[PDB]
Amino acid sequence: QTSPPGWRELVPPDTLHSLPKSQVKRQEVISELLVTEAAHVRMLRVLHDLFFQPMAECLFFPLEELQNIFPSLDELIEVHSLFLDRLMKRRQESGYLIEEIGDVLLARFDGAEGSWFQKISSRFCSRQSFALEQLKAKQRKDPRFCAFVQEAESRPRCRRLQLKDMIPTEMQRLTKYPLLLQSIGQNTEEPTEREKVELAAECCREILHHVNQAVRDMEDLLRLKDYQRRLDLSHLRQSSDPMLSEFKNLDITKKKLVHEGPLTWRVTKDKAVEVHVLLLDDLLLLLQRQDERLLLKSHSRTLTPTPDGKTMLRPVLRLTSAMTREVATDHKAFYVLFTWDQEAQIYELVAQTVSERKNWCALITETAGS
């Protein structure tokens, strides 16, 4: 009733049957734009009003964490909400059919206004996994919270909407914009009006592009905070080994994550160690899962346990000096050779397939020599 009527529902029948096919298609897609945006704002309003802002009062989450689950949603609303008021104005101004939409599209998606929409949008969409993982966990562990969400969901304003389905929506909408603008354009007739829209259609294409990378950017930055938190550096601390003096004091959250994978580390003929490996921008970490913790151990290359003397293999490795080779003896495995001023030692890693060693080798060579 309140959600705006479409177009195809109020256009008078004599107007409809008199227009070019291109033009009814154009009118329809404008209407879809207008309606879906009006549906989008409404939704974001529900998320703020029924979920975010009550949780902030009930403190299920430290506000820091909360604000990180609904990143400046307060402003996401405004950005979308005002863009709609503009759409709504044009429809208002022009009854029957709307010619000219381009200038609205640019007022939201261009230059400065374009950047601001991007920035707010980026904030929200990028923490999407986190918000989901965090919400799902709490709701599955704290029954006060689940009662909270169900009560929230039973509300009249929350009809047709679900908490778990609302969060990814913003990502999806950015995916629709370039589909809809492109479409309006293909069917715009009047020369100069169309060129606007095509370029509105380009801003969105860039925005989607940007925000998609922004996402792999968080999905990765957090993935490291999470290894930083799980890390145990007590072996590196208690080491007199000089190749490990820099790492005492080790903070991988600032660095770039290039690649990661489970591999098997053959430290001897007779000793293999399951490891989770991080190829950072300049380091190669050999992490051993031990319970909830991630562990950095030097291992002896002397297959006798354990009189001693020789230098041990090391879990953290500077890439500067690296070289990779196929392990002849076992097609699935590979050597990484390091060379420092004192010595040269080699590290044997086994992978799950011929195709996945090839991948590590190329990455290590590509990352190292860079």
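Positions refer to the first chain, counted from 1. We call the rigid core whatever largest set of C-alpha positions still superposes within 1.5 Å between the two forms. First, how it differs from the form deposited in another entry.
Considering the chain's movement between the two forms as two rigid blocks, residue 256 travels independently of residue 82, in the other block. Note on conformational change between the two forms: the chain splits into two rigid parts whose relative rotation, smaller against larger from C-alpha fits, is 25 degrees.
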Second form
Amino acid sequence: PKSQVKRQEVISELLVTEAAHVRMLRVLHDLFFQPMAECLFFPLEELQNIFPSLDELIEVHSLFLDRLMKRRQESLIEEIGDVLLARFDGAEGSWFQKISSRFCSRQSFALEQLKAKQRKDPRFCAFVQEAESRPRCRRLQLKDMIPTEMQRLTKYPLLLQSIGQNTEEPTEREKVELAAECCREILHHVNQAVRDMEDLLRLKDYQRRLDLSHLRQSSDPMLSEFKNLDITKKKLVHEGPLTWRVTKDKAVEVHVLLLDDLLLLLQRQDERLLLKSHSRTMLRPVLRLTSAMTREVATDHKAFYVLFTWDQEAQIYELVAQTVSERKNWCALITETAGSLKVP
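Output the structure of the form deposited in another entry; the preceding block shows the form deposited in one PDB entry.
One chain, no partners, no other molecules: that is all that follows.
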């Protein structure tokens, strides 16, 4: 006691919530995933991208539950670290990371795919509503069960920390603290994979739509690299519509992508996204960020300028947002992204 009552309370909580987590994942499989496969609402390939490796996800949380239960039955309990390391360190740690990360990365894709089906297909709408009326859902909707894996990853450090900072015996406490650290690395690697997947799917759709016919037609030297442009594997820092004032007398609606080292000024033409050099030639739509600098426009608090210190011609992009905050945010983001870039 009482470091130790708290130690036992949190070890119990870990067990009891790991069980709850297993049960929901099984509900998600039995009530949604499996019957969706059988009804074939999506081709199976699509269904697997909505629930990436649900079977094996259940298994890795299951094996964790069974070890925790095995240890609880055979002990109050001293020594839990070895069990925590057995799920979160070494080859098992790696495997749990791989499987959880596959699932979590697809969360927001899954949510949208399900939501678009419900809106579009009354059959599938009635199907989800019926599954959600069932006692085994415990009042949770399909949209609440999916995020649950990512929620649980965020919980592991909280739980392992407490246990750790309430463990008296030193070698045990090191084990627990090592497992807490493993859960932090896991959460971090998953958080990074979620962003990579979110960015990847979004940029891959932008690649499909990207029209490069003008950069190919240009024999302007500065645009010869972007031939050939492939934004697919780049980091999408921020994006949004802005109005682009090529002059005081010519405004161009543009959708701009701030990647990690390029600024892309895209023209929306129906579904397509164009990179038009259009300029009074001389103002280009794809710009290297290494040299970028933003500035306020006093006559217009919604506007800003972007200039490239490397542009021997200099070469002002006057862009305007719908609110002051939003321009403020564009300037902050541009500056900070450019600020990261090393110089030769």
